[PDB]
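Q: Below, each chain spelled out in residue letters.
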Amino acid sequence: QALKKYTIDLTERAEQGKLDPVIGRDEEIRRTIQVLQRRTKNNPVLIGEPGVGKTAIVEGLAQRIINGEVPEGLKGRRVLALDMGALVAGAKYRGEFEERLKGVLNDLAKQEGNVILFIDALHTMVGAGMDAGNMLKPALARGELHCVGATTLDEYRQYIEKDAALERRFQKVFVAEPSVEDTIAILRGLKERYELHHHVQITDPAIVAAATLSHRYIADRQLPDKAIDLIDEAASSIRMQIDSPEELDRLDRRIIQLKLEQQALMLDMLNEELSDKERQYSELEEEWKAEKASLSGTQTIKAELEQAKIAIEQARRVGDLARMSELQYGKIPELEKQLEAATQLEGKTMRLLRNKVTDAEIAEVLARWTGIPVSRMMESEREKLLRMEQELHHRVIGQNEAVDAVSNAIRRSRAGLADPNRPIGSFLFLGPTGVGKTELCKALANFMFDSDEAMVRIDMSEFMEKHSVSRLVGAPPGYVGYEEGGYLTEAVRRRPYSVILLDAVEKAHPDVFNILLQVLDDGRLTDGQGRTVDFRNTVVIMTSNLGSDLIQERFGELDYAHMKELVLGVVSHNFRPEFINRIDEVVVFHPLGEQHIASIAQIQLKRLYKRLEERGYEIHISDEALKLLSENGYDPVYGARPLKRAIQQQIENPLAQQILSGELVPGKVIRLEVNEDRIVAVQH
Amino acid sequence: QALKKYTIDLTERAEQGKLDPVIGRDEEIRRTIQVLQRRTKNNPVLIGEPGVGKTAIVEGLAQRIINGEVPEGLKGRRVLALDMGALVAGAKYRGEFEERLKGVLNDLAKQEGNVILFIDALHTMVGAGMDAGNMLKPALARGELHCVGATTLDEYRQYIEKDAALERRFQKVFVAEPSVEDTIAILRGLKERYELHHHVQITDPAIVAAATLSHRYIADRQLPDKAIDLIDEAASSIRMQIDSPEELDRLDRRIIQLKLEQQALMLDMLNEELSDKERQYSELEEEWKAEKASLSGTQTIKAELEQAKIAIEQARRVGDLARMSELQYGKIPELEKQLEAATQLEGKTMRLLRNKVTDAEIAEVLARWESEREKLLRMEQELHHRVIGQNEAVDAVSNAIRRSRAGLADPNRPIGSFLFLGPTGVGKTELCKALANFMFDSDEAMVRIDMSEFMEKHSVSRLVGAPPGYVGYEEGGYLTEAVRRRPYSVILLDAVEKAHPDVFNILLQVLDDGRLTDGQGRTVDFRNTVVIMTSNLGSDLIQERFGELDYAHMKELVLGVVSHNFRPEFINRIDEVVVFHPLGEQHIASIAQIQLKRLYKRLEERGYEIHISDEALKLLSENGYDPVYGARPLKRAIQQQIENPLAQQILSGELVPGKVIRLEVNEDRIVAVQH
Ligand SMILES: Nc1ncnc2c1ncn2[C@@H]1O[C@H](COP(=O)(O)OP(=O)(O)OP(O)(O)=S)[C@@H](O)[C@H]1O
Ligand SMILES: Nc1ncnc2c1ncn2[C@@H]1O[C@H](COP(=O)(O)OP(=O)(O)O)[C@@H](O)[C@H]1O
Ligand SMILES: Nc1ncnc2c1ncn2[C@@H]1O[C@H](COP(=O)(O)OP(=O)(O)O)[C@@H](O)[C@H]1O
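Protein chains in written order, with the authors' numbering: chain A, 159 to 287, 293 to 407, 409 to 430, 441 to 858; chain F, 159 to 287, 293 to 407, 409 to 430, 441 to 543, 553 to 858.
Treat the hints with care, as some may be off.
Okay, the calculated bits of chain F under chain A, using three or more residues with CB under 8 Å as the criterion [claimed, not checked]:
1. 295-305
2. 699-712
Computed from the model, here is a short list of chain F residues facing chain A with C-beta under 8 Å [as the list claims (entries may be wrong)]:
3. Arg197
4. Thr198
5. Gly226
6. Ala328
7. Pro651
8. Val654
9. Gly655
These are calculated hints, taken from the structure and not from any lab test. We put the CB at the ideal spot given by N, CA and C, even for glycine.
Same shape as in the complex, but just chain A:
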């Protein structure tokens, strides 16, 4: 024969129950049977992005052939899974490939249409060394084969819409991703399957949270394959933690260590201590065996329940009379209620932990994938949001108003009250140059997701040309950066949960504001390569200096409201009404006071003492030296980077020179005493 040599008889497998009873998908099975009951062009192809269960649609079609939900044009049909890889890979020679394939077509035509041929990965058939299309073509035209394809949409439009004859030989059935609730229903059927295998239980809140958080976060793989990945991987982690016991291992190491100690000593007391620890070890071991026996009985009774369900389906196919009522009314409710009695018994007895996969397990598995704070406000990030003013003032002294505004913005977003097409929050930082624009940016990226490195800083001062705009969106096809990628859009597509930091957007060309109009309108910024860039998870922050002299000269005896309205008017003179129209909340910075400069110096002393204690020195400072640093590092035009370069040039250059001179000794208290113009270090 040929058919047993190359194909996989799926109806025999579904008759042996080795498949998945996939719930739903009723319209796609209907449209596949609409195609398969035609006269010519009997060839549906199942098209969708991978993971959506096109193989499962074919297997569910086979299960409906076996049970008999099909019309009277498919009953008794066999479904055979041709393996396109299993015909190419023997052909060394001229015409041994076509030998096999003509053998397959003669045996299927001997069956006389009684065999629905199934071909998975149909885009292997076309380019496989003329080969396989130009023999199947006279059979696919006359309907004497019954091919069912299964392919990704990209391989469809690449390997078939090219070759138009084999395009019209087939027929599309567009398969869409399932919904969230359909994903939940699918996973409920698959829970009822999977708890036979991993010997555990699954609580349906973990199922719905798994589906929702997988749809929220995993943006490469698609439903339901990613949800099944999460559920199965958590089931395997719990199958580990059945036999992971740690306390028995600690007690065994303790008793063998005290055994070696007592055997070396042969005052004693250790016969008594070892007897107590052996008694505790035996009790924990017997409790462990009791838990194992409980889980074994629960698994066996769950397996007998599922075999009873399979047997009552056997009675639904065959048609025994008393067997139906007997199996149902006896076997289903009593086995379910003592399955729940075993469930509450395991809830009583599992001290040595879980057999029920909770949502925290899903959080641990998805955190091992990516690392998001996946779950909700867990009173650690939530109290962080309740002290988000304090959390931002942990690193950024001063500028209370913008801290409050950004805190309110993220408090709106994490509660789900943002308009979910816009990005998380637009910001127009104003005011004096170099106070903590970038420090608030770093602190925001820090206490948003990870750290200061989950950002993209873009100097907008460099973009002053038309081809600069074509750079930062991406060059259109047939041109240059279309080879070598866009600028902004690639930086977003690498870091999808990030912060975009612009720098002096007023120094940019007067048209990049229109790209920002698209950004702050809807957060899709279609690049040069024609694929969308999704800003709905990010935070766009823009910095400027359009009223730095205006704010520094009028901060005295003017409140926050008049300052905001005045700088709104001035920015309206500079910018356009559309651009400031799309902004969520323009904040206004104020100039710095000398106590804030002293606080910046304090934080620099904190980080410098940390670095030099990692180096190995114990250094103290007089506050007079702090006052000299504060007076030598502020100006109305530059701000606190004068303090930074003053700290660098007056500490980091001379004191490290004194260290490298073999002068200073690690461990000594090093008081940074003052000079007339400098700071001297002593060894005391």
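Fit chain F with the ligands to the known structure of chain A by using the hints.
A: Just chain F with the ligands now, kept in the frame of chain A:
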């Protein structure tokens, strides 16, 4: 059956202890035990760079199966290692290979989901002749097979990620290269193995030095394989030096030579000399046999100690009562103390020697294949070797190396920042190449980029990285992209006086943190390099008044001149400003002598012998040296004024070989004569 015909039971070998004690890798065995117990994707493939013991990760999984340290469902599995190579070519028929593999797969269907299959180099399962992929692509989805793959990343990315009916029956259990201390941990168990085969002793400082030098120097292979091969080859080296001596060879050649002479003379005295040397040879031979007997007894009783350890482990597994305490209290301490007595006895008697493995043996195995002070002294000495002159600059760079390579400076700043001030062509290129030839051990382990061409606005668009679709684009980038090509080198920016303020902004970004991104979004670090610049105005002040002035106030005056020309804060972040003198007579003489050395090497390999006169060297010194260029006019003047009349005369059929070819002078020429 066919399992006996084509598989390798790992569990029987670990059952009889033939395999290796797997050390570490708890996490990867954990991830393997996860992926082995799922319902889908039930086939891991251990993926990493090759030779990191992926086979032994499977073997340690098998050992934990035998020792019961696995979860409950794995308790009772069988690990079988199917060879891709064992199956191939018993076939003249049209697929006898396929028949045998079908018989194996039916046997694994008969074993009913128990046998866990091992295959390494899973790409060979994909293409080897249906051959092994699509005979098993059913069995890799029908639950009758639990294969454990093992391959490199490249074969996974090609031959498995593509094949979409195979792509989701496999997970990437990533196995990384173990660290130095991890490799130490792996070696500390197999040291027990690697003495019982080679009859020697291994010491732990040699092990950590071997791991350190292996990770530092051998870069073809990786850890832990290369450290293990160093240990095993050192064991072979000591096995050779014990089993095979030198003075015995000298004495044997001497006695057979004097035996030849005495047999010839048949005055004598040689009967007496030969008898003395034969007595000495017999004494050394008997001492050598005594040493060999001592080492034989030592290693036999060491193997007895190890078999006592194996026997007390057998008594731990079985549970005999008197055997445990008997084997412990008898067999361990007396055999250990007389093994140490044999060790100190060999320390007394081995003269004719070595039985241990030391770090000197590690150096020997590395050569037949320690950092800061030695590298400091070798750096300074090679500075005095290659580049002539500029000993002040030698000391300046040596001071900067002593300041930066102590580690007590900022690791967020670039290492070497300088300004070469002096006339051109004096050896600035030579100094850069000597820096490169020590610090990265090649002359072109560096980057030379001139800055004199970048006076216009097209400097950041030509040095850093161009906008898309303009002049400086299709070479990549001058400065930034060379570091992406060579992250391990030294950077030069000659003629920085012709710069542009964007370049000064770039260099302040360099001297701040070293990170710098081009116009298309690639973050490039500079801190692992050395950046050097040049100017030629205070150099003209040097050419004016280097004589009768010092070096330090010279440095202060030229730093003031640079402060006139450059920004003070721009040159403030520079580590050290150096001064280059005009080399005048003796260094010109030396570099001309170097050019004469390479000329003499080529003319000696022709077969001549040429001696220069010092007067002709003075003519070359006066004709080639100039105050504006240095010595590249001296190079072409050497080329012309020597080689062209010389090659004129040699091809004249004139200068006979084998004579002193004296470079005398004419009134204006440099002529060679024959006498
Ligand atoms: N409705 C469903 N009910 C139950 N399981 C499903 C359902 N749809 C998909 N699955 C499961 O999803 C997994 C694979 O889904 P598929 O859609 O078959 O992925 P796929 O068909 O292999 O797609 P590609 O392109 O071949 S990767 C199997 O474990 C199926 O059981
Ligand atoms: N409120 C603050 N708290 C702590 N440190 C700050 C604060 N404001 C500024 N700094 C320091 O001041 C400097 C300002 O630099 P930057 O923010 O880059 O310039 P600009 O203020 O023009 O945006 C930063 O380098 C930062 O170290
Ligand atoms: N746990 C371990 N401890 C020490 N050495 C190991 C360990 N595991 C493997 N090795 C070494 O790795 C070598 C095998 O390399 P392997 O990883 O099997 O090959 P490949 O390069 O094909 O992945 C063996 O010589 C073994 O000594």
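Q: Which of the numbered hints are not met once you compare them with the structure shown?
A: Hints 5, 8, 9 contradicted; others consistent.
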